[PDB]
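*Asks:* One-letter residues, chain by chain:
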Amino acid sequence: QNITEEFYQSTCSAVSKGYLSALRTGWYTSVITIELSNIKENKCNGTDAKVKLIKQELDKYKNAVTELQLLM
Amino acid sequence: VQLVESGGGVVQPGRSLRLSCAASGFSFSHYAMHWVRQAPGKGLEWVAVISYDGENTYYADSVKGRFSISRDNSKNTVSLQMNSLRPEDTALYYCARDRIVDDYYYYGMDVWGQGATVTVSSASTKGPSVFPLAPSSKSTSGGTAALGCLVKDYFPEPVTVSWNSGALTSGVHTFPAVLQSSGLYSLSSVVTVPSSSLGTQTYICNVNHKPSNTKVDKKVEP
Amino acid sequence: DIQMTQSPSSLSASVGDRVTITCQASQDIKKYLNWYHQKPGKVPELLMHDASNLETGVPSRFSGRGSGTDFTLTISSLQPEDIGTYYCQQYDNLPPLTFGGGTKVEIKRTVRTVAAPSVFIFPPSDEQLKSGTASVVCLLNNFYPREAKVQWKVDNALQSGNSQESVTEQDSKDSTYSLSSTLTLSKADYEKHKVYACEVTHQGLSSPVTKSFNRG
Amino acid sequence: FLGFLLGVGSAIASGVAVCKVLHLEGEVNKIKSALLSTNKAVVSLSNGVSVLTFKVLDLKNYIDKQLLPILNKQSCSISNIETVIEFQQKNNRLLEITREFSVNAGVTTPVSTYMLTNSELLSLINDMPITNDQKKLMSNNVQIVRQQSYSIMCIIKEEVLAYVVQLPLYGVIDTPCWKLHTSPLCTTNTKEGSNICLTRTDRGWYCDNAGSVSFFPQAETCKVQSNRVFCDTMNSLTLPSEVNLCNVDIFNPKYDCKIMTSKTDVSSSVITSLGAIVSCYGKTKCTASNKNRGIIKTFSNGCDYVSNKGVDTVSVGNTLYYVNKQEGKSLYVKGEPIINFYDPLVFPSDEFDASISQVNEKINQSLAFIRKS
Ligand SMILES: *[C@@H]1O[C@H](CO)[C@@H](O)[C@H](O)[C@H]1NC(C)=O
Numbered sequence: 001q002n003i004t005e006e007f008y009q010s011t012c013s014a015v016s017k018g019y020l021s022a023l024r025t026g027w028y029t030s031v032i033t034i035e036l037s038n039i040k041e042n043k044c045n046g047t048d049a050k051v052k053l054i055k056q057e058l059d060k061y062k063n064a065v066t067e068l069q070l071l072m
Numbered sequence: 001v002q003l004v005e006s007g008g009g010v011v012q013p014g015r016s017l018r019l020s021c022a023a024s025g026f027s028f029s030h031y032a033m034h035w036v037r038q039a040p041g042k043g044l045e046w047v048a049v050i051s052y053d054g055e056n057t058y059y060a061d062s063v064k065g066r067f068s069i070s071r072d073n074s075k076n077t078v079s080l081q082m083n084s085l086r087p088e089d090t091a092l093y094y095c096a097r098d099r100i101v102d103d104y105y106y107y108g109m110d111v112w113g114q115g116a117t118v119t120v121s122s123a124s125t126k127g128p129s130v131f132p133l134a135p136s137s138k139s140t141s142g143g144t145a146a147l148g149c150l151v152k153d154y155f156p157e158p159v160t161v162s163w164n165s166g167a168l169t170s171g172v173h174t175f176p177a178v179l180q181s182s183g184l185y186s187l188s189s190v191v192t193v194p195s196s197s198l199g200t201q202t203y204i205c206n207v208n209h210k211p212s213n214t215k216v217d218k219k220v221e222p
Numbered sequence: 001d002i003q004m005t006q007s008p009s010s011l012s013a014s015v016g017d018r019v020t021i022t023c024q025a026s027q028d029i030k031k032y033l034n035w036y037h038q039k040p041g042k043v044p045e046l047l048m049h050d051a052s053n054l055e056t057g058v059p060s061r062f063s064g065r066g067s068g069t070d071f072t073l074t075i076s077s078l079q080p081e082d083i084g085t086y087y088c089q090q091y092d093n094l095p096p097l098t099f100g101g102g103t104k105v106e107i108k109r110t111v112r113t114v115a116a117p118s119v120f121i122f123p124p125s126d127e128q129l130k131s132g133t134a135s136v137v138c139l140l141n142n143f144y145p146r147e148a149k150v151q152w153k154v155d156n157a158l159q160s161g162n163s164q165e166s167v168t169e170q171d172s173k174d175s176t177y178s179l180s181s182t183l184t185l186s187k188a189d190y191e192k193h194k195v196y197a198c199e200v201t202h203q204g205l206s207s208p209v210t211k212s213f214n215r216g
Numbered sequence: 001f002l003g004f005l006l007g008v009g010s011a012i013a014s015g016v017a018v019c020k021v022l023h024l025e026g027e028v029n030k031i032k033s034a035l036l037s038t039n040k041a042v043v044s045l046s047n048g049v050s051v052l053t054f055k056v057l058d059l060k061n062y063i064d065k066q067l068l069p070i071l072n073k074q075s076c077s078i079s080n081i082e083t084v085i086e087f088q089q090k091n092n093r094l095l096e097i098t099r100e101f102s103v104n105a106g107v108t109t110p111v112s113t114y115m116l117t118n119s120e121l122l123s124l125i126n127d128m129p130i131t132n133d134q135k136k137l138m139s140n141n142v143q144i145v146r147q148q149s150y151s152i153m154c155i156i157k158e159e160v161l162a163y164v165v166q167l168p169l170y171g172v173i174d175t176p177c178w179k180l181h182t183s184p185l186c187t188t189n190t191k192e193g194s195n196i197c198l199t200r201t202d203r204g205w206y207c208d209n210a211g212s213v214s215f216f217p218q219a220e221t222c223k224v225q226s227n228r229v230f231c232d233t234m235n236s237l238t239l240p241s242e243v244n245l246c247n248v249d250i251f252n253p254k255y256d257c258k259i260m261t262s263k264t265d266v267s268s269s270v271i272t273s274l275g276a277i278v279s280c281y282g283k284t285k286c287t288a289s290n291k292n293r294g295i296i297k298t299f300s301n302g303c304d305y306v307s308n309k310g311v312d313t314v315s316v317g318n319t320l321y322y323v324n325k326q327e328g329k330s331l332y333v334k335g336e337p338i339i340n341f342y343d344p345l346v347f348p349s350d351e352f353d354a355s356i357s358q359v360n361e362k363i364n365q366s367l368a369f370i371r372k373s
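Residue numbers (the working numbering), protein chains in the order written: chain A, 1 to 72; chain B, 1 to 222; chain C, 1 to 216; chain D, 1 to 373.
Hints are computed from structural coordinates only; laboratory data are not their basis. Idealized CB from N, CA, C, for every residue including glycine. Where hints are given, some of them may not hold.
Under the rule of at most 30 Å between Cα atoms (straight-line distance), these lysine-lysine pairs were calculated in the DSS-like manner [unchecked claim]:
id, chain 1, residue 1, chain 2, residue 2
1, A, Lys-43, D, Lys-60
2, D, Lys-297, D, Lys-254
3, D, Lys-90, A, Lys-62
4, A, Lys-17, D, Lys-334
5, B, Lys-126, B, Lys-42
6, D, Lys-334, A, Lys-40
Computed far set for chain D versus chain B, every beta-carbon distance over 10 Å [stated by the list, open to error]:
id, residue
7, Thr-188
8, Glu-192
9, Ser-226
10, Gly-310
11, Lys-325
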């Protein structure tokens, strides 16, 4: 069993019984936090390539945070 | 994938008998199941079929009203109840799987079990008597002399005959059974061996009759 | 219901020959036909479905053709493990799924040079006589061809209607035959005579060989 | 057809409220102090409501105690490149969250893995003020939870970025539900016109709820698991239980079943849970077919129904329909079509949202108008 279906030719309509409910009925809010750092602007020689990559990653991070501040 | 069948035997005409067949190795609850019989030496005969849910049963015309098929998906079994048996129902019955899964149209059988033998003959079941066919004492010194066993007065078929539990296979002839005038079966198993081996190596024939649970070891001496 | 007929009832072909068997239905079963191959003393194996769709694992030498009422199964090169019986079965629209009559397929008789049979005679045992029946056994061993005459003579009197013959199949090693003729009598009838003989005539024998024994 | 009757409401009002409460002086410092010890804590907000709070990513610790010490030590010369990759890890999540919020203007309709991982979502569900049955239900169907929940970017200040994940509650559980499928029911006379068509408009989902029936007309806004029906009470009307009588008898005096009248003789097919309804009118070819055996049924003109057992395809004209191969038992209730009970000359040729009593009464109106002459 677990599911049945009946077709009424009288009104040309079908009913599908046997299901169970999961109705929303409400909401539950929850604050989710991400701890950020306001790293102060560095000042060092960008001579290495790996340091240039780290500088690019820091730029990506600061630009994401800046968009988020600017998104209000 | 395996279909193990049970419930066969000998039953007098008019009585009832139920065959069962258990399945293992596949999702049994989604396959239609066939019963198909085969008379000794004759072709295959479709008997019955039951759908995956068990709500659609179809029987052959020759067994309609007598046989009845059922299934149990919690134990993966198919049962065929056969009452009011005629002598034409004596055959070997297979349970088989339908090739196509989850359908109400039945197509064919792709996985077959080993089968269960059903004999209807009014005769009873009797184990065999094994008599020694001893080598002659005229046998030449060379000499290629012959001996054997006579498996007589057994019912039904078959009996299996080995020699020295299988250690002797060369020169062994186990003849096909004959239906004696008594309505019981009988065959002979003969072995040709060098005559200089008699009195030196023990010769014993092993006869097995499963329908009567009979195991006989017959020692043959001059 | 639908009637199915297979042709030929049996056929004998050598290894490697092209074998074509036919199946015919009483009405239109357009393509709902399966072919099964039952090896000797084995379970039926599904060769193909829908009259042309080979089943996975089946050697490619098998080919199914046909439709409507007529279908053919063809083996391009017959093999040793292809012997047995072949069954066509229709599944046209809501069973009965009728089968066919089957088709027997055997390898040719592997002709051997003529060989004369070794003839032995076995009197009834004492244990069998204790139960009131006597069985004299005449054994013919390792002969070709299959034709042979075995007669029973009790006190030089020809017997009739009390002997049963059983013959083996052609041996896989030397391609020979063996035959057993069992003569069954009552204990009183066995004790009412003196000498028992079986006479064998066969192509490989110069003279009809008679093997006899005296009671005792 | 009854999707227009629903009321409109703000979906994210609760999350926006919690956000407006997060801008008060000291509430973010409260949450930070609560999460100073562990990564999860229950916090009583100034709004009275107590909420669960998660610290899903700690970058201040890593940046300030693992990266800045090694970087700005002597001359920022780095010796190993595994630091670059180790920083590309633990940072992809923040960038993806930023991108997700930027493209969606700060509120995302499905909660992604970047917003909340499955481990974090299950940890949040298990520590919620709900019964154990609701915990099990939410834990087994996390995908439907993500589909029916929001993420509102809330605030970023005091070295903390906060967003409120607004999760469903699932207050009503395990009550029986049933779906109602409808199809046009017309007469089958051979004339090109004068052919009356009747349809039921109450198609959609129905569930028992507090002695009433929650009815969902937009059945597309309801997800279905094995046999569990996730719907939103906001996309729903609330009706008396007696509406179910519309299935046992459609002319009953207790409840008035909403219907629809038309004169359009168009062949259609409506696929249900376990089978298909076929309204075959005109000269249209209507066919039921099995995958391995081809056509197995030809439909005569009228409204008919086939089960999904043995039937895998329904063709109407040039449209092909694949039937759901879900297991179940189907039943065919034989009865005379209701459309044969009305006069074609008195039948209302057009009424979109009507009922049995309304159409039947308007028939009285037109009959009284005709009889006066
Ligand atoms: C229609 O027909 C008559 C009016 O004379 C009455 O018996 C019936 O109740 C009427 N139904 C209405 C007005 O809905």
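*Asks:* The structure should be examined with respect to each hint, and the outcome stated for every one.
*Replies:* Status of each hint after checking the structure:
no., hint, in the structure
1, A:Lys-43 / D:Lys-60, "holds (20 Å)"
2, D:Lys-297 / D:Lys-254, "violated (39 Å)"
3, D:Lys-90 / A:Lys-62, "holds (15 Å)"
4, A:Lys-17 / D:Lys-334, "holds (18 Å)"
5, B:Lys-126 / B:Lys-42, "holds (25 Å)"
6, D:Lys-334 / A:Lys-40, "violated (80 Å)"
7, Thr-188, "holds (28 Å)"
8, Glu-192, "holds (39 Å)"
9, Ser-226, "holds (16 Å)"
10, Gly-310, "violated (4 Å)"
11, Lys-325, "violated (7 Å)"
Comparing the model with each numbered hint stated earlier shows that hints 2, 6, 10 and 11 do not hold.
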